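The data below hold one chain only, encoded as structure tokens and taken in the form solved without its partner chain.
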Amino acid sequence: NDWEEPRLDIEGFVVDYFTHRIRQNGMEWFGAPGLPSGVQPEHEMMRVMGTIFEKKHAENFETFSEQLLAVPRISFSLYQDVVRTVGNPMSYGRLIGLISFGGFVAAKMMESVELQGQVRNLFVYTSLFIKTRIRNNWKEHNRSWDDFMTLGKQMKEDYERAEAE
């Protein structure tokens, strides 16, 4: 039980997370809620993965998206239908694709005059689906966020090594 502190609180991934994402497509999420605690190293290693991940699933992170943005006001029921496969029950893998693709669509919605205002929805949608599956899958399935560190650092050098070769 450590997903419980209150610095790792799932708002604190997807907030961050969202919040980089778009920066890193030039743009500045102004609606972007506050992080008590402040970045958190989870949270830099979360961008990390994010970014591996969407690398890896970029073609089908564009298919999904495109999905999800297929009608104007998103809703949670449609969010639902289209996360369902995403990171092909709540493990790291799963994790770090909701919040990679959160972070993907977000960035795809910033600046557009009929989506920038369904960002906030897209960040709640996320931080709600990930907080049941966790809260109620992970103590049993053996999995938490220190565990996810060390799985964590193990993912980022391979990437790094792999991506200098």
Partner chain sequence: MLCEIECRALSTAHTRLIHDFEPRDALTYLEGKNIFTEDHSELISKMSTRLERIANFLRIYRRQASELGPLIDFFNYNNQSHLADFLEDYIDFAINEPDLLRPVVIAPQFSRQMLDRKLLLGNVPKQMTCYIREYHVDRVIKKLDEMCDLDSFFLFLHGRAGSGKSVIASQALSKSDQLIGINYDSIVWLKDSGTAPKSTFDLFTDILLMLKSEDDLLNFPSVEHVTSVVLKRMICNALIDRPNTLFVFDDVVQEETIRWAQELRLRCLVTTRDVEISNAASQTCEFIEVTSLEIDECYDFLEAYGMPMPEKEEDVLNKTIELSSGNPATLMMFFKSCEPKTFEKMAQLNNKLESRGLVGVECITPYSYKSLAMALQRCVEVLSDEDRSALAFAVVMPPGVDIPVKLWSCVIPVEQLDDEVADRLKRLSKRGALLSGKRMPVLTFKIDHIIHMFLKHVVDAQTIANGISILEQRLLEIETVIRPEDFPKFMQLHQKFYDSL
Contents of the next structure:
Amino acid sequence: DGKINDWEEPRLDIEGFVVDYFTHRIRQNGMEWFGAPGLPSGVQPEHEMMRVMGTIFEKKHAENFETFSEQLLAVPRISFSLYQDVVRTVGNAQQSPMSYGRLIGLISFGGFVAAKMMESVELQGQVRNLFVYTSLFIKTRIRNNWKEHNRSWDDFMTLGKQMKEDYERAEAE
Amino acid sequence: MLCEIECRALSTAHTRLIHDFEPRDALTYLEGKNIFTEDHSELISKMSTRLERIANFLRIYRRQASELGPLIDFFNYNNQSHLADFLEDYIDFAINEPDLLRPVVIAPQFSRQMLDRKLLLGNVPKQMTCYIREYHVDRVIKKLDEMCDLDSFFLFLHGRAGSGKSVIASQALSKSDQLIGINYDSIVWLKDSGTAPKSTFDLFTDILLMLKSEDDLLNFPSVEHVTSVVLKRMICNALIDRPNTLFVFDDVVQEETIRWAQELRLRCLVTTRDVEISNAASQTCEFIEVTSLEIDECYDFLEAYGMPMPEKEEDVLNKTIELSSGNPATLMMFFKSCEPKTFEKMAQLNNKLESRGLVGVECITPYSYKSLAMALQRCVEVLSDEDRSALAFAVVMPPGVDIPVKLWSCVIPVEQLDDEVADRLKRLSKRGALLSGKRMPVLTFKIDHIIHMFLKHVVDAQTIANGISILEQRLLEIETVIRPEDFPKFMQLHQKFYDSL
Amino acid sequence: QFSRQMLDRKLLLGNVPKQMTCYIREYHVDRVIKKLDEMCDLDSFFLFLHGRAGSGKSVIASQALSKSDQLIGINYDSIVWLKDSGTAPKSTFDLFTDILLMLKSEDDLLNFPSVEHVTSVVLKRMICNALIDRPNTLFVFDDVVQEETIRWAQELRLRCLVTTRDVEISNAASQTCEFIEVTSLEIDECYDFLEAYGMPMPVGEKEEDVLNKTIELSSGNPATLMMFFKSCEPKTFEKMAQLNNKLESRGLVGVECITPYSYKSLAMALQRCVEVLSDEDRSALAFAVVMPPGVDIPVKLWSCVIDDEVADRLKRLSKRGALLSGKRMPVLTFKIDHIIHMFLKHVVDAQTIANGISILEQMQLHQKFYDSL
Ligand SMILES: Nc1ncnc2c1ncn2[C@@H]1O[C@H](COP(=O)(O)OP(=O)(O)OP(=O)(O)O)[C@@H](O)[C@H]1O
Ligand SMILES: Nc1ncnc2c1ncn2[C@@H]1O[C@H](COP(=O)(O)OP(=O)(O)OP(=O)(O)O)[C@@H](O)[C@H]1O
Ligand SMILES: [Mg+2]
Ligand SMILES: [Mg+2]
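Here we have the form solved without its partner chain; I need the corresponding form solved in complex with its partner chain.
Every component of the complex follows; first up is the chain already shown.
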């Protein structure tokens, strides 16, 4: 029933999380998305965690990242329906519509495609659209869920910190 | 159903509503005044969050209510007169003291934070801060400010490929602190670049998605089999919740986009290369051409972005500027290409341009295309059969000359006479800024360097010959100033050029 | 300005094109409004705005609905405007699918933006049901070509404003039928028109001769005039004169260009007008080229080039597209406008003119003309 949650705060707009991770993943390819919109308050702590998880994720779950990217890029112009078709499987299989897992997966996969798209001025100007589709697809699912399923960015942050360590802990064994 | 003004009020009140408005407090009451049905109430009361409820509440109110009265009354009925007065004030100002409304009512509530948020959510590209062509950026701002109260309009920022329209558009919107927030309630920036038949349709499918970015999109409709009328009706429906939106249509090629924008009665900032598309409009049209950077402007550019600042050393710089032809896109393709900071390696480039085209100074700057050339290709492919030919024979001509018609009427293929060469030449300057001209003392046309460098390596050199020596047959049958009729006798004044082929 | 904004949002939801304000042919606009007002209470009617391609029908239609909330507000609750232009068999079905969709609610539309595969008969049943939740609705069928559109309209008992180039499509309406002809622009109007858009405005015979030469070559065609207007840059009489001669030499293609109008020249517009005529008229007219334009010519004269199977097979061309104009009282004479001629002169295969020529010398009041060909 109530009053102004994490995800409803301006500084946590999901678009900020997306533009950022996209800008990030793209740099991890030498490329630089000059078209990226500007972040109203620069990179946020919660943005950094996304990069981490988004990184952990692309590794351990890169399964269909190139199959799906294929489906998405096999068309002159990417769309929202096509985008929804491809991604209704990333992050979850056979559940809350937006678990931290699905969120991460979608942003992770989005950033991945963002890079491929950049490696070709023909499929470039569409990173902008992929940014929109990714933002909206998550937005409407965090909408009437996170509150009743007891999710929030602070919680994500708490869970992200542990996953970050538990992962770097194993990277040296 | 509310009107835009009544919706702007609600929008302006948002900040206040998020602080102490609980949509449930108003349900029994509005059901009582026959504005809400029990269903509207459950659609609203069911949302798990207060902001969620406020959002559902406002969509139904804009649809069902026919004025703000019921909502104003409700707030006094619930002892929240601070909210009811704000809405009552807004409206009283809007009707009786406009142009005071923004100063007194709207502006007071708005921070750079809110402005930079609108930009993010609007998809506006990050503003370039290094060089800021102030003149143009403020022209846009001034015009967007004087037009902001028209129901709909078209502000055309037109110019040659790379002139810097987009950069400017972004700067004008990011630089001002009034426009997006005070003049307009929000913004939607979308890149067109459409060329296919379904391009405009795809463009407007996104606009629709854009305007409903805060609606339930769980079952958003696939639009693969939806008609244009339906797409429009859906966009119009969504518009009620988004009053005073500024739509920026970046890189418009097809006049279809202008037509759609007009049917939808949008307030638009369009960036294009072909100003002739504005002819599709019946709406109020305004213009601002992004001209080539002056001689001293290229310097300001070269300055902030690294390059030194100068006897024979100056010359070398002046040559870049001549080859760059004032095109910010090309000028930038230089910086990233000149590894050193020596006018030497700089000269290296200049020469390579004089030796390969522009493909030499190929690059990977923040621009879209590898070479300004590929960017010009499209402009060429959208021209008429005749024009594309006339533009081809302009190869055989000196870059940077104020050569009059009769002189052009030679190489350009075609009671009345060759006033038509003038017509074709007037179109190549309108649809791509491929050429240019001056009214007096005597009408003439010119072809800049970069556009000449382009034209060179694009036509089977067997066409240059056939022409260069087809002028070599028109010269025999008959300085910073224009050669008088007695001069079109010779083409040797420009021989260092007409022969270095 | 709320009542203005309300009227304008109703219009935006009805797909009504934004009206043109710079120039408004007040007579025709007020005429449409008046009639629509005095018919508002019937069960279903048909106000027919008919005229040559680009005479200003559509423009007037929106201006009619855009002037005040008299029509859309008092006389009618809401409005639905659709551009038909239907030419095929399934066209009518396609047009009414849009109608059906334009009738459902916002959430409805969103959840089902397309119609399921149903029979035209079933569709009409659905339109009919959807029509009770939407009373006093004025429908505007813009650019109706096929009579079936009108007949389906009657079957559904719709109150309609119809714009069409062919008046015959009304021979499908059984109930009320009012008409309003959109004629070419008189010299006066063309002046107010050109003036409104910042055209020169003559001083002296020489300049006037130029404007009138333009006025003549377009037969007062708003669509072609506007093409002239935007093609006239400089925007001087010297340029006007330049265009004028380009027309008389190259045809309507001389001022071809983008305007609010959907066709780049009346050429393409009239091309479809022709295509919808009995092969007998599609050739009965395709002959009248070898004739003097602007001049009244009585059947007897016409007979020599196309009687009663020539006194009416030519009467048709005047009712179906307005490519010709009948004039009786005194003599029953039919005249071909210059615009129309300019149209045929460059379409009727280069040779069918030379043969219609010969079999015509069986005249010199129009020496400069006949010779030209
Ligand atoms: N102020 C600037 N600072 C840095 N680069 C600039 C600036 N203005 C223009 N440019 C250069 O021109 C391009 C950026 O601006 P912009 O994209 O507006 O040109 P354009 O006219 O929009 O291109 P097109 O006409 O093909 O859309 C890039 O080459 C960019 O580096
Ligand atoms: N004030 C005006 N009134 C009428 N036509 C105008 C006006 N201002 C410009 N025009 C031009 O008139 C033409 C459009 O008129 P309109 O759409 O009525 O023609 P139409 O009779 O509907 O043609 P069609 O029968 O082919 O649909 C276009 O060339 C348009 O630019
Ligand atoms: Mg651009
Ligand atoms: Mg029409």
